[PDB]
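*Asks:* Please arrange chain B with the ligands on chain A, whose structure you already have, making use of the hints.
The primary structure of each chain is shown beneath.
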Amino acid sequence: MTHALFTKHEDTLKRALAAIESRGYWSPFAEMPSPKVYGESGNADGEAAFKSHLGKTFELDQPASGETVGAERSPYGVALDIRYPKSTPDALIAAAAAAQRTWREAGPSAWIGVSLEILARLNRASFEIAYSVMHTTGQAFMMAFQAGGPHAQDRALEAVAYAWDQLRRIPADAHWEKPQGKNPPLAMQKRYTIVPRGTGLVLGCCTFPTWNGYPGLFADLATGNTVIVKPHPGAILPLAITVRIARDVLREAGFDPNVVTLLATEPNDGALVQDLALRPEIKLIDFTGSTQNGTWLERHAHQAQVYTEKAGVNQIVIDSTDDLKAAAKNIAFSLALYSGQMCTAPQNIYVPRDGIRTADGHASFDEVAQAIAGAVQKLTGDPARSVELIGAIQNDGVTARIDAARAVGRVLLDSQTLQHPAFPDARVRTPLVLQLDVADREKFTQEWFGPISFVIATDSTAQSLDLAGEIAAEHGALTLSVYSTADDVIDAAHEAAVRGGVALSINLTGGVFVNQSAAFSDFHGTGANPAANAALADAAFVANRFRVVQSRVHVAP
Amino acid sequence: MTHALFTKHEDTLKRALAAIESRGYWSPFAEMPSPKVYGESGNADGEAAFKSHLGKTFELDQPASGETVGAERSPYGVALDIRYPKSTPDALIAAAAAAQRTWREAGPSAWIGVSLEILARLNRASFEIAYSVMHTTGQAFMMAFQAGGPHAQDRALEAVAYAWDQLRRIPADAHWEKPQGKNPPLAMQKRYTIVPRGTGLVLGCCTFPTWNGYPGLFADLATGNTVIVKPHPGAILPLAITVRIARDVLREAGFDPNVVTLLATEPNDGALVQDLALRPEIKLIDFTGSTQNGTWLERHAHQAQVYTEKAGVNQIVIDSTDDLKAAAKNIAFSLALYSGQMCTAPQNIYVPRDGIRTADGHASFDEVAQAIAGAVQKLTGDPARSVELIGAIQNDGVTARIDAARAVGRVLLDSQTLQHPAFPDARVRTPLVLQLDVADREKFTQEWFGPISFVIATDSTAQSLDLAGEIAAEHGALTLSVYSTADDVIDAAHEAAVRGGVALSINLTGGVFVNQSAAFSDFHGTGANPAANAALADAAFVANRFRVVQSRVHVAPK
Ligand code: NA
Ligand code: NA
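Listed in order, the protein sequences are those of chains A and B.
The numbering used here numbers the first residue of the first sequence as 11 and each following residue consecutively.
The numbering used here numbers the first residue of the second sequence as -14 and each following residue consecutively.
Isolated chain A (complex conformation):
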């Protein structure tokens, strides 16, 4: 029979199915933190819920050792002092294994129904999650709310819809009847059982814990697997809150709450994670993080299906424009948003050394560079007007990388530290913009984490496009952006995007930035290049997380 939570959320599920196929605009979760949607005291109650976690041990009723763990620090300088019960990998693998049977037996309608109920409760907790994302990742509140709450919930629901889209096409049974020409037909009844892989592992991200973490977590749950969530040690709380709500729904639905457990760690957890990632019980791994750690998992966890999001080189090709100032302002927003700490933020900006055509005539390379650098300075230089745009720097390693990057080319706009007006100890810095030549490719085919960008002089737009496609294919990329008023250049940009396996944005001169993507329309990554071996989300992202075990028996024709 159909699980009650499936029937409760069936309309939302059906709408999501239509959304992934039509790929227009759709979102069931209000992205604006409006009192109309979330209540007049939504913000206040959320903030108090966040504050209640500080200076205390986060309660989880999963098997735990009696020791605690946790060293999260707020980029805004707020004391956190949050602790979590320390569980061993052994203990969590055992608890997941004990939880697998009744979860599996409840079948797809339960996996989908429970997943959608959890998403409904996570949306209700959006403010509490927003504050927890802000004070672990450093995202400004508005972005922490959207990226940590509704937008992450959108991507989670997208994954559930893709899961259901595959599951719903597999019949529970079939009558197989083959005529035997005047002899009686062969007739058998086939029965098909959906069997999840087993236990999945979610290895969390330090900048977008829920947005990057949710697709794998809910792809696992929607296909009947159990999940161990191992967040980035600098951003545990958003996923601890998530796990708590998931366990509530599973417990109320009559399942073992250890279908989902939380493995909190402190930094230097590498040996622990390597050993856990190779355990025979771990059949799925979803990882967001460094290229070296991601590729390590792909090459060594042979017992698991490994899905990875890694670093890439995001690129802008500037050929020509209808309004240099509008293009420059859009690029500047894209560089300043969360201080370039988005996996989709642009890094390399290719401009012909001889300049570009504009509506107001020709612009030299130097004029294009000054237009970008000046627009960044206008957006970021004033603390009162810019802190909500640039947010806070995630870790103390960026300051050293900023100074390293200063030496790499010619400085167009220096990075400076700002004093946040509301957080005296916040770690805040404006973007660094450098000038390079195409001859310096050794410097710009690297990913530079933080607010660092290179305006790079090329021989021609043809070279910009050849290089951009080559670098995306070889070194990975999540986004590619082109500015041109010429149809043939736009066509060549599509060829480069196909070559590079990277999503293309064209003439972004308004309110859409290359950093942004919408669930149910935009594939996040392609899975074709070294920045990620999977796309968020498509059929391939979910279709392997379950198997089908059949049986056959003769029946009457």
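Hints are computed from structural coordinates only; laboratory data are not their basis.
Wrong hints could be hidden among the right ones.
[Said to hold, decoys possible] The calculated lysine-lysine pairs, modelled on DSSO-like cross-linking and capped at a C-alpha distance of 30 angstroms, are:
no., chain 1, residue 1, chain 2, residue 2
1, B, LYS(-1), B, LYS41
2, A, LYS335, B, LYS167
3, B, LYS41, A, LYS188
4, B, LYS310, A, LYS192
[To be verified] Part of the chain A face toward chain B, derived, beta carbon under 10 angstroms:
no., residue
5, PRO195
6, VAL205
7, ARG207
8, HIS312
9, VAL508
10, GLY511
11, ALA513
12, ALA550
13, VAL558
14, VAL563
15, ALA566
[To be verified] Between beta-carbon pairs, the in silico distance windows are:
no., chain 1, residue 1, chain 2, residue 2, range
16, A, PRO194, B, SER349, 31 to 37 angstroms
17, B, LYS310, A, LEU27, 48 to 54 angstroms
18, B, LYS41, A, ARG451, 49 to 55 angstroms
In this text, a Cβ means the ideal position worked out from N, Cα and C, and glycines have one as well.
*Replies:* The following block gives chain B with the ligands in isolation, referenced to the frame of chain A:
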């Protein structure tokens, strides 16, 4: 625009889509070699086409070194002396790369249409292909025709249908319009381009070259990839004919025929294959063969998506039956078919040491074992009555393993050499049936390729089922078969199949054998246990062979 070959075969495509979802019986390719369907001279014309390949170099217009290659031998003792143009991996990778662009740009309707047209022509060549399978794999003619022709074509069409099932869900474009609170809406046009992975590699099998080879080949083609087909050096001709016909269709459709090339080799090609499998241009690999080689590819060809069919331990659990003679005969056919050289053939037969309940009373262990051994002897001992059932032994290594197996336990039925009445030099051997105890685990968890089986005494059906599920999960398995009249035992067998990740057959006492599987209903392998990392066929089998590259641009709102 819709390719003409897509429109031509659209009705077959739509019916195949409906078939994979409902999973009843359906096949567009007639499995009987009937004159009604294939012409009154279908067999004769097919045999003449087969003979034309003997004693000459197989013609392909792909890049070649001028040298030839090929050392195929017929298990029936017929002189083949077939050679193929020798090409290097380097040359074929370059030729595929040059063919990729215009093939990719023609888009899904061309990939599907060309694939369906190739399948139509392969069906018309079924007799020629049947003879080529017979004289490389040793399959008797009827199985060579069905398994090499129509049934393989069924599985190819199944793979194309699953591919199209994913491709058709992706819009070519979308109008994305997002309302803005009292401001102009954000309006963008999205465009989605389906991009193949690149060049796929098909690593062929010596027993079922087309049946095992076609799903990967046509999944590759139907998703726009180029393909290098590397057959097993003992069974090239069936895939050489296939590649020839594929290239014909591609050429006639205005494509570079090097979308599909043939890399024929001589034996001991393992190092060449390793080097090829690791090339950065090889993005997909479909492999059928040993567990060790398949495992090597999964672990070391990290740049490719690897789909493998490997070895496993196929098992029968005998608990009880309503007709021992009928059950024994069915098991006997399953052991005798193609001399146990099917990847789905049973090897281990578990029987309680204290016997079983039947409808005609109690039967001892020795009575069950003798029932099986005697039914096998009746079906296989006489050349004239058995040759069309047991076929020929593929290579002399199977003969060696039969003799190794003789020493392992108590022989219930010895394997004999038969003189084929029509092929004086054919290699024909009857099944070897041995008795073991459950304590002999070290022996019966190994794979014994060939007509070798063990009737194994267990403490109870409880132990039989626990052992079968454990062995399937640890060592891999393609089939599990259970005989019981008890509902609780059937329930336990379902649990064992789920644990072992293996398809279950229940009370096969008639004309369906555990060896058999039908496209569009039976998943061949699950992908859950060590016998295979993929199922033939499902969504996971095709959904990763293409990617989607999108673009977005602002447009006017509606
Ligand atoms: Na950046
Ligand atoms: Na066998």
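*Asks:* Now look at each hint and say whether the structure bears it out.
*Replies:* Evaluation of the provided hints:
{"no.": "1", "hint": "B:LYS(-1) - B:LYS41", "verdict": "violated (41 angstroms)"}
{"no.": "2", "hint": "A:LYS335 - B:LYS167", "verdict": "holds (25 angstroms)"}
{"no.": "3", "hint": "B:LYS41 - A:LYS188", "verdict": "violated (42 angstroms)"}
{"no.": "4", "hint": "B:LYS310 - A:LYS192", "verdict": "holds (25 angstroms)"}
{"no.": "5", "hint": "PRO195", "verdict": "holds (9 angstroms)"}
{"no.": "6", "hint": "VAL205", "verdict": "holds (6 angstroms)"}
{"no.": "7", "hint": "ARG207", "verdict": "holds (8 angstroms)"}
{"no.": "8", "hint": "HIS312", "verdict": "holds (5 angstroms)"}
{"no.": "9", "hint": "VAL508", "verdict": "holds (5 angstroms)"}
{"no.": "10", "hint": "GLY511", "verdict": "holds (6 angstroms)"}
{"no.": "11", "hint": "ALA513", "verdict": "holds (5 angstroms)"}
{"no.": "12", "hint": "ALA550", "verdict": "holds (4 angstroms)"}
{"no.": "13", "hint": "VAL558", "verdict": "holds (6 angstroms)"}
{"no.": "14", "hint": "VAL563", "verdict": "holds (4 angstroms)"}
{"no.": "15", "hint": "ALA566", "verdict": "violated (12 angstroms)"}
{"no.": "16", "hint": "A:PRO194 - B:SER349: 31 to 37 angstroms", "verdict": "holds (33 angstroms)"}
{"no.": "17", "hint": "B:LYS310 - A:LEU27: 48 to 54 angstroms", "verdict": "holds (52 angstroms)"}
{"no.": "18", "hint": "B:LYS41 - A:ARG451: 49 to 55 angstroms", "verdict": "holds (53 angstroms)"}
Of the numbered hints stated above, those contradicted by the structure are hints 1, 3 and 15, listed in ascending order.
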